[PDB]
Amino acid sequence: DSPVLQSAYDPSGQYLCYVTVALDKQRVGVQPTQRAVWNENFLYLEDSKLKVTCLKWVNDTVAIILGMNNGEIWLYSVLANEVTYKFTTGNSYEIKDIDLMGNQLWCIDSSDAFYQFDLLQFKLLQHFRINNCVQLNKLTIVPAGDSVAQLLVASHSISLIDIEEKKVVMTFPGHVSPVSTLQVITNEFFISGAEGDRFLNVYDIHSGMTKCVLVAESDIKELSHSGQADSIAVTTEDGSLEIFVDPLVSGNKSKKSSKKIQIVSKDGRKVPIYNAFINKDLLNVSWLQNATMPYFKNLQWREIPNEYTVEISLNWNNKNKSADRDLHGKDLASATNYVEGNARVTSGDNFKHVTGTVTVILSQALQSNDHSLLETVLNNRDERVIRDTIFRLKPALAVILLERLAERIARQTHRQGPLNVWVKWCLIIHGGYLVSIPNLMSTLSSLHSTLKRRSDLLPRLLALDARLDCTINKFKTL
Amino acid sequence: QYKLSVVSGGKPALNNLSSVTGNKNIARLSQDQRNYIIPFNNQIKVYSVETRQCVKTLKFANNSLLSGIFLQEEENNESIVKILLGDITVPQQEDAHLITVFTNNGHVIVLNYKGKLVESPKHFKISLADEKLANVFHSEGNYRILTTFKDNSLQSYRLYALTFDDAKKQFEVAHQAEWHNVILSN
Amino acid sequence: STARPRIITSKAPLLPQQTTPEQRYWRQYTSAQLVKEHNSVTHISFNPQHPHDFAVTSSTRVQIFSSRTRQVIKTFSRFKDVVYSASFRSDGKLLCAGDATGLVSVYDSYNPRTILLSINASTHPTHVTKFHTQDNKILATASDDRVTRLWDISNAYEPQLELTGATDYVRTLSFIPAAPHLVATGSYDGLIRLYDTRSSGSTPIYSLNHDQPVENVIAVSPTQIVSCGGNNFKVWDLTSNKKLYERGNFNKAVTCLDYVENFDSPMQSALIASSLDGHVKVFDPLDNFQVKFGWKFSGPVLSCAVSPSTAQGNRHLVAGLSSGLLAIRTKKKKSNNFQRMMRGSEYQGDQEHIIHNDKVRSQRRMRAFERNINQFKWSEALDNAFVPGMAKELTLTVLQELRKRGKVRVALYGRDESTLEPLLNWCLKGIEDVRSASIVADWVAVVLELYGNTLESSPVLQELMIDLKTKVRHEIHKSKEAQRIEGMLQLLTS
Amino acid sequence: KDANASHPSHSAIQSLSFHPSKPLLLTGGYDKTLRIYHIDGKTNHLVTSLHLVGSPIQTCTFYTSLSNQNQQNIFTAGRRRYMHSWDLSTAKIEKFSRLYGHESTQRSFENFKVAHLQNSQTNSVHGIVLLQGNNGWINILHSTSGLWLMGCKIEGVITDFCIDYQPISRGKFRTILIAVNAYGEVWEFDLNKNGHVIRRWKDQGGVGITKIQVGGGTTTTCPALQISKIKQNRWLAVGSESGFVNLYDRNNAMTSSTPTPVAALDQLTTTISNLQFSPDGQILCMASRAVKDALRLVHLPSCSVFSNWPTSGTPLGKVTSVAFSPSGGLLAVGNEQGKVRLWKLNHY
Amino acid sequence: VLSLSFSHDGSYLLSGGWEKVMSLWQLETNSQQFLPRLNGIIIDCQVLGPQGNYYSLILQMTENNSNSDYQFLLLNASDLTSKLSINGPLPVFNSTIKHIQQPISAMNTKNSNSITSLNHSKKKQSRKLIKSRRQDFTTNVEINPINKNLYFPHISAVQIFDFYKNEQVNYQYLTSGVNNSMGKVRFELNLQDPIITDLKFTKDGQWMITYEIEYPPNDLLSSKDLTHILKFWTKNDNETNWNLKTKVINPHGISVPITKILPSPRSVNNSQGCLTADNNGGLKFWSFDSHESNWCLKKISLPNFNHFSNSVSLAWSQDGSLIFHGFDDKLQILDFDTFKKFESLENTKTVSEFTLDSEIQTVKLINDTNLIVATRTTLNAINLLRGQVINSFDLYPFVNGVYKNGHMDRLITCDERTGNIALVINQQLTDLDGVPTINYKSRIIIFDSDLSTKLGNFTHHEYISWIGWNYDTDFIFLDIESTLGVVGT
RNA sequence: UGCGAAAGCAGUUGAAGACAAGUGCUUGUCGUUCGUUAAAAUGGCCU
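Note that the protein sequences, when read in sequence, are chains R, B, U, D and L.
Read left to right, the first sequence gives residues 2 to 37, 45 to 67, 72 to 262, 269 to 372, 434 to 557 (the deposited numbering).
Read left to right, the second sequence gives residues 9 to 159, 166 to 200 (the deposited numbering).
Read left to right, the third sequence gives residues 2 to 334, 353 to 513 (the deposited numbering).
Read left to right, the fourth sequence gives residues 239 to 327, 336 to 594 (the deposited numbering).
Straight run, no breaks: the fifth sequence in the deposited numbering ends on number 788.
Just so you know, the hints here were simulated from the structure itself, not pulled from any lab data.
Note that the Cβ used here is the ideal one computed from N, Cα and C, for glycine as well.
Each statement offered as a hint is correct.
Cβ-Cβ distance ranges computed for the label pairs, FRET-style:
1. L:656 <-> U:10: 46 to 54 Å
2. R:463 <-> U:265: 50 to 58 Å
3. U:428 <-> R:339: 48 to 56 Å
4. L:364 <-> B:80: 28 to 36 Å
5. L:514 <-> R:285: 54 to 62 Å
Input sequences plus hints: build the corresponding full structure.
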């Protein structure tokens, strides 16, 4: 169900008063509804059996009037966070409903008695019981100016009561269930709704006749109306809010809600609405974000479509980001470390992208790119065989041979000696063709870099040679 | 058609010009410890400790008094020596958003680190003769200043008990103590 | 603060012929099995469906090898003369084999006892039997009548269609993937003839001239086909009727082709070409049919195959040689009371509002030299640099890190003749390579500077110095020779 | 209504805690989720829930600072070598993983308690986290700094500890660490005097002791909302593997150094795994997680078990955690099925 | 021990120094707790809060010898993680700016001063600033073409600075030095981490190019030669860190430094190439090859000289046809396609080589028409289509020996949309006796593209180290007081 | 230190005062000034 038992906006709807149970004791809190801080102050009811039955704001000091179940009516000053005065009826029967008009405070007892108190003198002016009015639970004051002459009460059927005669002037057929809401929308019509009923009856207060019946999609919790009786908002048990736009002006017997408002979070959870507020072109809705935390939103109900859903952000599966941390989880003051990873490391000298002879097997291996036959050819070490093989080799295959020898010399450092005679004989025999062919550094890029590394290492080798000469000569003489 | 302006620049001001002190930090946490007040050479920056963002920046160029003190072209010796939470001159005030800035030449400025700046902040001067105030101390409503002076490259210290005269509307110093040839001090 | 940086291994500038990712993929086909058959393995085929077994044709025998065990699980030996081609349907339920007597025998794929169909296709040998890929009812047979015949499986008394116009020895055919009406036949006169079966079919709609006798035809796409014959293979476009590429990478005639795409690999499509010089090579159709990997076998490779794209298990590359060998290389693929006590651990927090994650993930273990460098133990790190079995790059990284911190002398302090010899024994090998030589020169020279007096006493250090002297002289000679060849190269280039 | 019936738990309820001043109940278990509920008795909704990845919850307590009442924390720990503090004033979650030289004595943070310490140099009160470790060690850390304040060592295999307070003057109090090993020997340390030993005594009968707990005053379960509200504890309870609970009246037991219990309760036959007192100390709740429905309520000072409750139809389950409300007189029992059932004592 | 502090109850001691490690000593049991690898040496420690729940440190980055780089670090006590860290810009000036003193250590190093060294070093630096002819306190700063973030190379790392927020985005190490692995103490402070001497962005902003010099330690055979590394980094616009894709060791040969880097126009390979020039007179072209997935050396112009000069500037035409290479006093026009000298078949009124009076400091090609050449004496505008010098100005009484070679490119920048030029001139303010004092003054002149008229003339009260063009109609300048200003419309 | 490519090429550290130690004498030191452009207190990095 709902953690909030009772709630009421003030007139002008700037603040909301609500009652919630804390462990076993009830408490009363007041929250501002406009976005532009939390109010931690609560009024705690010390007795566990003591409960709030009804509540009503007061329009010097703003206060809330709270009826209790012991028979006491407390005037609670919200700023001082204290109950200034407790009216008592003298009987231990719960206070069913209360209403105020100016200095007067009327209330109905659980034993169907009427009590009128006055605020300034702080006295019970009168109490009386009226015949045929039993099991009453709603009371409201019919506005006839500054003077109060008529009450409207409801058990399940509504009675209109003249105060000084103490008799029922007019009786209205209400609901099968007890009347839950009873309001005076204008001075010729009033509205009534009941517990577990989707219907609202609008009665003419003089004629006693039903003008219309307003129907909600679900059973009606709370009702609000604009001051002109030009719009009526109802929050229903399913948690939606329905607006009847211009209900009094006229298929004419029963009317359907003009607009419907729901609240759905981003993850898709439905958020119920309790206790909306309506005024001219403004509508304020309330819902509990945490377990017992009221949150509010203002809307312009004229501009919204007929079916409106408010999307609100809730924390569902939230990754707990930190201000001090980054996304990865490291400290923000921390420096990013140097990592190479899988970076290609290269040099600046890489200029890529810029009888008995074995010449037949060599040519076949070079055309087919055959490593085993190339090794079989390269195993031969006679200078005559190498020279005449390279001499009989075609000019075009000499470049491929130079590339393969460069790769083998680079990868295997111990073959640089034996393969250099092949390289030098290729350069000597096919020198003119190598002169004629262009892009020679790009074609012989591997050979150039392989020779560059070895040639670059020379001065360090010479220096180390000299130091080792010093040491060896010294211990040789010694 | 072209207009020069100085927009964005940062150098945290350090109390190292004295070079004899042990604690060189001027930045102060607020009383609720949600804001960190840091002096710069061009501004005073307030950071939210919880969100790590610069909430409010009191730039010297935007205010005439601050530009009159710190951004004088003739002398760059002006530097914020102490920042004190609250308003020193006004007693019995909460002063949650006010700070008091003491410079080396004795200027005392009362500023708001939240909300818009006052066009004419509360400005006073401590009567110092041939001295540079190196530090200011607060304890239970009592105030002292430690000032360096010269009568070896070593300087000397004078400790003055500082009071605020409400009637005279000025700060008054009384010579409590004196030390000479101070190498280091914590 | 900051987490400590891991020590980066020294990576020198890369050398020619580095390891290509395609090579890294294809060299995982490592385990090799050679099965001797009685005659030359002419055809190898794979089951298109699970479990992707493979059929091998030898003389008078068709064997089904299991992909799991690489052992023969079925044997078809009913054929009176030599059997030539064996193939599976697309659904894998039937196996067709062609005989030298002109018979085409269609068996159940896993039951050699039952013969569902037996067609007297020709009097001449039928060298090709294939099932239509799009249609499960059509069997295409190519024989030495120089006529290819499309048969319906239901009524196999007469050929449904006869395709002619070949002057010599059709011994390969293929079906274009998108178009079920097209049939490609490759013959020894060199012409690949494309037939539209909806037309008359006596004459091809067009022909493609591969100058050498066409050994095999395959279709790698709806538009592109690849034909091998001679030393090269040619890939042609069908809409343009022109060859896009030709690769003559081989010495001897290219015998077989296979194509496989979308299999788990760096390279999306692959074309396998096997020739008579013992070579089986991989080509990349996306990279202009360039050459990625190759295998050399003991003899002329008549047939080759690769396990299909949806193998979902071991992957095989299978080669059938003319000698009779079949070479297969593969790529491998608490009580209830206690549980109710401790059941909550496998939750991961789906229903919860906030999830907070600061859990520390385990890292790679630091090696001993890295730990010692972290704990500032320079001599211990130098000792850990030289240990048997340790990689030469890592033995270089320890020296480079100590040089970078400046701890050469600090690591070398307090060493005797016994502790000096691992460094010098490694320096003997370190002089030779180009990547380590300068660091070795630095460390050896610092050794000579610090411990030069102990040479006159210790004999073994003198032997190490003389050996390293000879190695240094050899490397100086190699460097001078390289500089001379560089000058010769400059004269030729300029 | 059951406390967690709105949002169910995925593990046994290893820990329950009530807020000192708010109608909030915190549940924790091995499913690594801390769940805070607003307790109405009729709706009992979920305020929030936080999942800690890789951190099971053996013990989690609300903490509220004695100086500043706006400083509210949740302290949470399991078998791991760290601890979590959630600032309840995006969540602000700090980790206490550093022991300032004593990691060898503290290998897990699972058994911890939070208490108040007056430093007496400035008469300032700060919270302390007391962690049980090996070799009879208890390491005491600052609750905000995380610094290692002190350490107290008892002899033998330490099984439990608890915190007692003793008022000295107006606005001054002392904190006593009461630690028990498995034999029955009980040490009392003065945390204000560098953790030196006030006294040592022996549990009469005393073998296989698992739990120790003071009651009747300000406990770690029910703390003070201000320094003047700090009271000493009238009762002490010692619970053993055998199912025996020896109950000592502190007013007579502080003198003897071999005291005699007021009563020895043998109503339960399995190991005592939960000892709790009411905020007034009129009820002692003793419970065992070994078997089903092993919870008993003991009236004090008569030392007599209640007869009508619990009942053969009471759905207690295997009681792993017990919490008493500070004010409302509620009893929350969390069991192995993940249910936290809630009852109200009508006297309170 | 540079910093000492106590806890409030006095049971703990906070200590910090040259090791970049913060220690908390338990004064009872003499056991300490470490927070190592901080961003700088600890010059101040404080415990903060009523319960000591914060640590406030002041950290100095002593790898920067030119300035005193302080970082203000507020630490949460429980986690020992930074609640706050506050910096300014961190530029590495060419020489040490006024009144900057190295901290005290045990011995006189490059990063530190000894006990005896401090009083002598203050006097020596002061009289150096008074007497010396050369006053170069210029830095190189980069502007990201996407983020408009300012990149300050800081020795072995790079600081990224959000200009509008006046804050720091990131601090990333880019070299393989000892870096943040340990805190150097005693003789270790004489080691030099690799220095990032050039950093550039491609026009798309997808690639960052860094040139660095790695210095060897002393007392070795290899202590003389220097390693030069060219690195190519990329990142996505989501993440903040850069990733090293390509590393080139000795890109212009062994021990040949890179003097100038110039990223390519968009027409040249979608702005994914660069052009690097060395002091032997050699050019190399690097381009991103997607098939290799790396940067490749695509074109080479051999040095082939015995002529060595650090006065190297480059310009590139927007269509990419021509490269203007100024090396020492010569200036050559190169066709990009041949990557050789420009030769015309007509060979009439087209000279590809310009010989000038002094060494070229800057070459700026404003449009395809106008070419600014700044020499050691004069600043000239040449119209390439006309082949004629429009006008020349005398820079000699301002730039006479003040700056080193190639440091006036930091001071001259150019607008690309409107063609305006910014030039900054620094003058030392002299005393009435005639001795030049410490104080400086700076003047910024905004010229037309033809240099005919001065659109703007501004004075600023401080030395200006770097002026650059923000990529929309703005000029950002950096002082030596680490302030940043804009001279724009 | 000045200039210069990295190589290099030229150039340079003087006084005064005070103190300490040894024995008026000798030597060293400098949180000293003026003039020139000019190693070492068993002491190693968190979870």
